[PDB]
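**Student:** Using the sequences and the hints, build the whole thing.
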Amino acid sequence: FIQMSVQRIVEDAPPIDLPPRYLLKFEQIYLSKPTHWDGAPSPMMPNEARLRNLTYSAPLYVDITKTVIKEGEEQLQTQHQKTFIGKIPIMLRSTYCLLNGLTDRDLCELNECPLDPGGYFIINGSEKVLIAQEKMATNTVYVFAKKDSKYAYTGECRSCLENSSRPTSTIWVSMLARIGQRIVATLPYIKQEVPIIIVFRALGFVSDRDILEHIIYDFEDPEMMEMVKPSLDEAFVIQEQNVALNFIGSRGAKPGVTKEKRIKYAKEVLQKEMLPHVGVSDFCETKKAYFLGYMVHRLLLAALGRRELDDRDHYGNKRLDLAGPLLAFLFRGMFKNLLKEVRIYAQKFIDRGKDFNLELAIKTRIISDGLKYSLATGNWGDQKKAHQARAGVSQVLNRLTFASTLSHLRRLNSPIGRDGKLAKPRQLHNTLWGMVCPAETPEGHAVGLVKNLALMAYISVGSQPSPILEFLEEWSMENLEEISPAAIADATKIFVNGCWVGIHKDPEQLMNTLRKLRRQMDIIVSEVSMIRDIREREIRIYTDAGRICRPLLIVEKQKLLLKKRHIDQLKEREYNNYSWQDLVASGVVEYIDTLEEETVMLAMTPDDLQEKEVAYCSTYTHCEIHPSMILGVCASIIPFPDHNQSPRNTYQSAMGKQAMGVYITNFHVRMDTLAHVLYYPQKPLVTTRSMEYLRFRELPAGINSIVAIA
Amino acid sequence: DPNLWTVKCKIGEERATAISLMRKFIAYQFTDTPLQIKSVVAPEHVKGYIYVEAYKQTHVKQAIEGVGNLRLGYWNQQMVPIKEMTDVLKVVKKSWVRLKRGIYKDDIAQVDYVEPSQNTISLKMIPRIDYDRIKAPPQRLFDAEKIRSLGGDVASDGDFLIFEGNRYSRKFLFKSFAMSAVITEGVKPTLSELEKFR
Amino acid sequence: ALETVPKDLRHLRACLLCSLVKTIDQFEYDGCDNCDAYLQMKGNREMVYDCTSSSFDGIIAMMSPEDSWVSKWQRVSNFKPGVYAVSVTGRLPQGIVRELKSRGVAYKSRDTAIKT
Amino acid sequence: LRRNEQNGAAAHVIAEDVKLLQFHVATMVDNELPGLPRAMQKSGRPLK
RNA sequence: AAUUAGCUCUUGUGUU
Ligand SMILES: [Zn+2]
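First to last, the protein sequences are chains B, Z, Y and A.
Letter by letter, the first sequence follows residues 50 to 67, 81 to 99, 102 to 242, 252 to 783 of the entry's author numbering.
Letter by letter, the second sequence follows residues 176 to 268, 276 to 318, 335 to 369, 371 to 396, 416 of the entry's author numbering.
Per the entry's author numbering, residue 2 is the first one in the third sequence, and the count goes up by one each step.
Per the entry's author numbering, residue 290 is the first one in the fourth sequence, and the count goes up by one each step.
It is worth saying that the hints were derived from the structure and are not from the lab.
Among the hints, erroneous ones may be present.
[Said to hold, decoys possible] In silico negatives: residues of chain A with every beta carbon more than 12 Å from chain Z: (1) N293; (2) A300; (3) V302; (4) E305; (5) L310; (6) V314; (7) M317; (8) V318; (9) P326; (10) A328; (11) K337.
[Unchecked claim] In silico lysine-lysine, BS3-like type, Cα no more than 25 Å apart, as pairs: (12) Z/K183 x A/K331; (13) B/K337 x B/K327; (14) Z/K199 x B/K134; (15) B/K95 x B/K445; (16) Z/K265 x Y/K43.
[Said to hold, decoys possible] Facing chain Z, according to a computed beta carbon distance under 8 Å, are these residues of chain A, among others: (17) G297; (18) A299; (19) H301; (20) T316.
No residue lacks a Cβ here, since even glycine has one placed at the ideal position from N, Cα and C.
**Tutor:** Right, dumping it as structure tokens:
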């Protein structure tokens with residue numbers, strides 16, 4: 050977030066221009095280490113901020129280029145370097161934290177515990193943590209059949225291009241149940266729906282054959298055309314583009330009384346609001362029409378029963394927003410408000426014709442105080458209308474025991490409203506294997522809606538999809554704009570981040586090449602996930618952030634890529650420079666996400682499930698590292714957890730966060746409220762191997778006591 | 176007769192808006208976009224909107240473009256009754279006065295001397311001051343010795359005094376204030392003010 | 002006709018014969034656009050004080066006197082366009098009224114204000 | 290409203306004043322009014 | 001003898 054997203058937001062904001083005018087362009091943000099001042105700048109230690117109720121934040125500086133242009137060509141590009149904008153709090157132990165890469169001796173000299181995991185902010189001297197919020201994945205077509213409405217099926221598709229100030233737009237294509254099967258479209262920003270044929274005509278495809286080509290790719294099984302026939306029929310009066318534009322604009326949020334206003338309104342909402350991810354450029358109908366036709370095709374396939382409906386609880390369809398995306402969400406609106414305030418000040422000050430000093434125009438209070446408030450109270454949004462958005466995103470860190478602190482930093486929150494009669498989101502889905510602990514969850518009213526990451530689970534940070542695009546295009550991939558629609562049927566579709574791009578003829582070699590590239594981590598980073606569906610010729614490639622994945626050992630035919638050489642080199646580590654990253658670069662382990670897990674074959678253990686016995690599968694592709702990695706932090710301290718009843722494991726996961734014990738080594742300097750600490754904590758006589766990495770042998774909570782059951 | 180419309184305007188800056196529209200028309204009748212607005216009316220006490228006489232609402236929307244004061248009324252305008260037009264042009268309407283501004287708002291002042299210059303009138307008031315003790335107040339008798347002991351900005355002429363705020367006092372402030380800063384009709388003091396000053 | 006427009010909002014006054022709103026400074030510097038041929042406002046200050054007063058109510062930004070009912074109501078249909086006062090309380094001097102009556106102009110008060 | 294109708298009696302701003310008075314009186318005894326703006330102070334929170 | 005509203009977390013009921 051700090052490295053890339055702030056710069057991306059500040060450059061993405063449109064230039065502010067307004081009796082001459084100015085330019086006032088922003089670029090090249092500068093960020094420094096946190097400092098505190102009738103004083104001079106000087107660094108603040110996190111302990112000092114925690115003790116003095118300060119805010120562990122750092123100033124932000126941006127480069128401004130102002131150019132006043134008037135008659136006679138008298139313009140000067142005056143550049144203000146490193147102008148103060150506001151303070152941003154810093155996650156502890158980050159790249160811009162003062163406690164970055166320091167040895168344990170330095171941390172002890174700074175009264176900072178070397179065992180402190182970091183990963184939390186300090187607002188007003190209080191430790192705040194961000195719960196990772198899950199949501200439905202964007203830029204993807206989802207079909208759910210609802211029995212509570214008139215819609216037999218509905219192909220919902222949420223969309224957002226890239227961290228844009230425009231709120232995400234949803235496309236609904238719904239088929240009525242009941252002639253019959255009136256397929257209609259619910260255009261966003263429009264109060265009323267509209268039949269799909271009208272929209273397709275509005276895009277500029279008067280040729281009916283072209284419309285069915287974009288809807289149907291086959292012409293010898295007439296079921297898709299049988300169902301689209303009535304839908305073709307209701308839109309029988311509309312043939313020209315202009316009348317379709319009028320029909321659409323007659324239902325807009327500002328319905329123009331005159332015909333030309335309706336045409337302009339409908340054209341703008343079609344070319345700027347509908348399907349932003351595929352493109353909102355000068356013209357993109359050549360691919361927007363194909364994407365809409367693909368959505369209609371999936372809806373028809375769902376109606377035909379040829380493809381089962383998507384599952385809302387399948388974690389391949391969910392994305393986890395961490396601190397980064399949430400802070401970007403705040404910063405977008407915050408920068409917009411700052412720009413609005415500066416524009417208003419300029420408007421007031423230029424009517425008199427005088428030249429304004431932009432140093433007085435920029436208010437630090439808009440960026441710093443708003444961010445501080447939203448991160449402190451947890452109300453994630455504008456302070457004036459915070460109740461509209463969610464609450465409890467930012468919570469107080471729980472320094473009761475070390476296990477509780479660790480479990481509070483790896484927490485996932487479902488935004489499903491509480492006190493809801495629904496029970497399906499609360500259940501433990503099958504896809505939550507190796508991704509979320511199956512035993513650690515609150516037992517209160519939020520049971521099943523608050524979860525914890527597994528031990529080996531990782532969350533994708535995201536990457537730019539362009540290099541994949543160039544590598545794919547330089548192969549036999551044929552772009553969507555120059556392919557005959559007759560070739561779509563006997564080929565496989567290609568999707569990148571949900572955007573339908575191009576087409577391919579030989580998918581096996583393509584998948585092998587992409588897998589080899591990801592193993593060699595040359596062009597395809599390890600976070601990218603590639604899936605290929607067999608029944609439906611589709612290949613989906615995902616690079617966006619928020620996808621949850623886990624490492625897995627790779628099997629070529631029946632034996633692991635891992636051999637005694639790797640184990641030896643990894644045993645003498647911290648003497649040589651062999652590490653986990655080197656194990657990844659060798660192509661022995663691979664990060665598999667929950668969507669790609671659907672199309673793989675796991676072996677529980679190498680020796681037991683890969684030798685020669687009665688032939689069960691014999692075609693394994695991946696092997697689990699260790700099965701006991703499916704548990705979370707709190708659940709992995711239970712000895713022999715597979716001998717207990719599952720609710721007992723849940724209760725132990727809950728009560729492990731209440732156990733008295735030494736919650737941190739430097740408890741003598743922290744002026745925390747409600748600190749409990751035991752005199753004689755003891756290392757458990759019987760332990761799991763997993764709790765070796767939880768530092769439980771270094772900060773235990775409990776005593777070994779001679780218990781008699783009588 | 177052309178219709179009349181309400182166009183929302185910023186409160187407190189209604190007078191300048193009519194002048195701005197008139198200047199726009201005078202600047203633009205020669206141009207290719209003359210203002211097809213007929214007239215602009217601003218009542219003395221009606222705030223928040225301005226009357227616009229024009230044939231149609233489209234004329235109003237075209238004419239009020241680019242004016243900051245009429246942004247709220249730029250999109251939407253309301254139907255004014257015809258039978259209201261007349262009432263639009265109907266406007267209704276040793277002494278004692280009360281000041282309007284300053285720290286002496288709604289305070290009784292006895293008109294001592296009426297200066298013939300018709301700029302300021304001399305008025306007798308009860309000091310609403312704290313004698314510069316807390317600030318760095336009710337009506338109470340003027341204490342000359344207190345303000346002489348506290349010192350500060352003070353000049354003494356026996357029973358006359360000049361102190362902070364360019365305030366003149368004698369025996371009771373005797374200060375000049377404009378007739379536009381006081382109300383010369385409808386004070387009607389009671390017997391308590393007579394003692395103080416069916 | 003930008004000459005009729007007042008340059009500011011200080012010490013504005015209304016003509017007792019035309020309801021013309023103008024600053025006293027512009028009354029001395031320029032004078033009434035319709036009483037110049039009858040009273041010659043330009044070149045003096047005391048006669049301007051006598052002819053025009055600063056007590057006025059309401060402002061009307063008139064620009065189309067030939068296509069407006071307000072001009073007909075306010076008897077300013079035939080006068081030059083400009084900002085006009087709604088109701089003005091006051092009376093012209095007896096000598097000035099007699100001179101205007103002699104020069105073929107009938108003095109009609111602009112006091113349309115309601116007296117209780 | 291009383292001071293405006295005492296002298297002004299504009300008969301048009303009177304309609305707005307009585308509408309606003311109706312809105313405030315209604316919100317004083319029922320805040321969650323269907324399809325109407327909520328009565329909020331300078332805090333973003335609806336009143337009680 | 002010194003206030004309130006909101007939010008968050010947590011405790012008991014999870015038995016056959
Ligand atoms: Zn005149």
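**Student:** Next step is simple, just say for each hint if it's right about the structure.
**Tutor:** Checked hints:
1. A beta-carbon of chain Z is positioned within 12 Å of the beta-carbon of A/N293; the least distance is around 8 Å.
2. A cut-off of 12 Å between C-beta atoms contradicts the statement that A/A300 is not in contact with chain Z; the least separation is 6 Å.
3. At the 12 Å boundary, the C-beta of A/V302 falls inside the reach of chain Z, the nearest C-beta of that chain being 6 Å off.
4. Once the 12 Å rule is applied to beta carbons, A/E305 is inconsistent with being away from chain Z; the minimum gap is 9 Å.
5. Its beta-carbon lying about 16 Å from the closest one in chain Z, A/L310 satisfies the requirement of being farther than 12 Å from that chain.
6. No Cβ of chain Z approaches the Cβ of A/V314 within 12 Å, the least distance being about 21 Å, so the stated non-interface status holds.
7. No Cβ of chain Z approaches the Cβ of A/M317 within 12 Å, the least distance being about 23 Å, so the stated non-interface status holds.
8. Non-interface call for A/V318 relative to chain Z: holds, since the shortest CB-CB distance, roughly 27 Å, exceeds 12 Å.
9. Every CB of chain Z is more than 12 Å from the CB of A/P326 (nearest about 16 Å), matching its label as outside the interface.
10. Distance check on A/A328: its Cβ is at least 20 Å (rounded) from any Cβ of chain Z, clearing the 12 Å threshold; non-interface status holds.
11. No beta-carbon of chain Z is positioned within 12 Å of the beta-carbon of A/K337; the least distance is around 29 Å.
12. With a C-alpha separation of about 23 Å, the suggested pairing of Z/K183 with A/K331 holds against the 25 Å cut-off.
13. Taking the CA atoms of B/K337 and B/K327, the gap is near 11 Å; set against the 25 Å cutoff, the hint holds.
14. The straight-line distance between the Cα atoms of Z/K199 and B/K134 is roughly 21 Å, inside the 25 Å bound, and the hint therefore holds.
15. For a cut-off of 25 Å, the pair hint linking B/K95 to B/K445 stands: about 17 Å separates their Cα positions.
16. For the proposed pair Z/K265 and Y/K43, the alpha carbon gap of about 32 Å is over 25 Å, so the pair is violated.
17. Annotation: interface hint on A/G297 holds; nearest CB of chain Z at approximately 6 Å, less than 8 Å.
18. Restraint check, A/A299 versus chain Z: the minimum CB separation of about 7 Å is within 8 Å; hint holds.
19. Given hint, A/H301 at the interface with chain Z, holds; its Cβ is 6 Å from that chain's nearest Cβ, closer than 8 Å.
20. With a cut of 8 Å, the hint placing A/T316 at the interface with chain Z is violated, because the nearest CB-to-CB distance is about 21 Å.
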